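Coming up is one lone chain in C-alpha cells, specifically the form deposited in one PDB entry.
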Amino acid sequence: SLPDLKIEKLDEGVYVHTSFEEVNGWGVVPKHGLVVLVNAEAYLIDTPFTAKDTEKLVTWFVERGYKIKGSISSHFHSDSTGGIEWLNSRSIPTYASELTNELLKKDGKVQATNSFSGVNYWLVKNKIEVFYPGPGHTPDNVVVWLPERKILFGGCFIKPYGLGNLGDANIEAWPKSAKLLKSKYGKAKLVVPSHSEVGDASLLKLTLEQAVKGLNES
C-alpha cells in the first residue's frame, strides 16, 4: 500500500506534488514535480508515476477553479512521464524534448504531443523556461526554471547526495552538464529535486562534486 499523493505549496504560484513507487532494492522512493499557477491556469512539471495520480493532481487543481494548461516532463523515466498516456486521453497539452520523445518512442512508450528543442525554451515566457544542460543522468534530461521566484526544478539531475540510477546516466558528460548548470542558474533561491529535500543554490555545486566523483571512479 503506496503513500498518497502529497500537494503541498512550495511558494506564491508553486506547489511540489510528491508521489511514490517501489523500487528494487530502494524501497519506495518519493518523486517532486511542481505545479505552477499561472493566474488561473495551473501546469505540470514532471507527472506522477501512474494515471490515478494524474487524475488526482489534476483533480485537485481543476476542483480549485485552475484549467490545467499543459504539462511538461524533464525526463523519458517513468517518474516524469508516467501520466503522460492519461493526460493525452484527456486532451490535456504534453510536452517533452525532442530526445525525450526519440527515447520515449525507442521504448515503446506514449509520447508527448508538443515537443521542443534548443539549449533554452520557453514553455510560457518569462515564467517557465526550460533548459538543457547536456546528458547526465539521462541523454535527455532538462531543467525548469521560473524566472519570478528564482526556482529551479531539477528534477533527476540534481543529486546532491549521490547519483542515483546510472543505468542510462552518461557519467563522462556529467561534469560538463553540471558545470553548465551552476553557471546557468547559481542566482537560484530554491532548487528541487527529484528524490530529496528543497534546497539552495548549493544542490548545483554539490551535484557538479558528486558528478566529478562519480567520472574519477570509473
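Positions refer to the first chain, counted from 1. The term rigid core refers to the maximal set of C-alpha atoms that superpose within 1.5 Å between the two forms. Compared with the form deposited in another entry:
- Core-based superposition between these two forms leaves all of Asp200, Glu22, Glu209, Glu197 but one with CA shifts under 2 Å; the exception is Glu22.
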Second form
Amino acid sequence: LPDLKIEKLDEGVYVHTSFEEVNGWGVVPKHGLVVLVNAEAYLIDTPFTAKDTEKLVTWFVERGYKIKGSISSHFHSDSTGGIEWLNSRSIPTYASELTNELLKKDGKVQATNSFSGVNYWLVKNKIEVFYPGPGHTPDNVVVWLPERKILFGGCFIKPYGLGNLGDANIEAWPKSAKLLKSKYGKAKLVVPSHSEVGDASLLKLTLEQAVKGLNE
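Return the structure block for the form deposited in another entry; the form deposited in one PDB entry was the one displayed.
Coming up is the bare chain, nothing alongside it.
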C-alpha cells in the first residue's frame, strides 16, 4: 500500500521500509537500513523489488552518497530482491556463503561477494555481520553497528510470533537466539525486519518465541 519510506533512525543511520500484503498475514512492513560511513552508503537488506531498490539508491545518490555496497541478511526476496539490480549497476553486493548457495539452489541471482564464519566485518570496526545459527532460515545473519550500538536483526527477530516457518529450523532457533542475546545484550536499538524497532528486550522476546515454537 504505502510507498517505500526512508527515515532517519540515528546519526548516519536510516531505516528504509516497504509494505506488502502477505496472504494469511495482512499488511506487513519490511525494514532494512542504510548506514553511512564518511560519504559512502551501505544497504543493510535490499528492498523487495528492483524499482524500490533503484528508488532507495537514487535517494542517497541525490544527496551526494556513493553506494559502496549492500549486504543481505538471508536468502528470501525481501532481503535479496535488489541484488539483481545492484549487480546490474556494478554496485558491490554481499551475502554469506550459505545465503548464496540457497539463492543458487533457488535459481536466483547471487551476491557478487560472499563470506562465512561467525563474524565478518563488512567495514572494519564499523559494520559487522554475525551468524547466530539457523532460525527463521538456515542462513540468517544479523548486522551490528558498534558506534551507535544498533543491531539489525532481520527476519530472525520475532518478538510477538515466529511468522512463516516454511524454511525455519525450529529445533535450532532457541540455541541461535540464546547465542544472539548473549552477544548483543549491549544493543541500544534492535531493528527487526517485520516489526517496530525496539531495545535489547527484543532479543529476549525472540528467545521466548523460539522456545515456545520448539515445544508445539
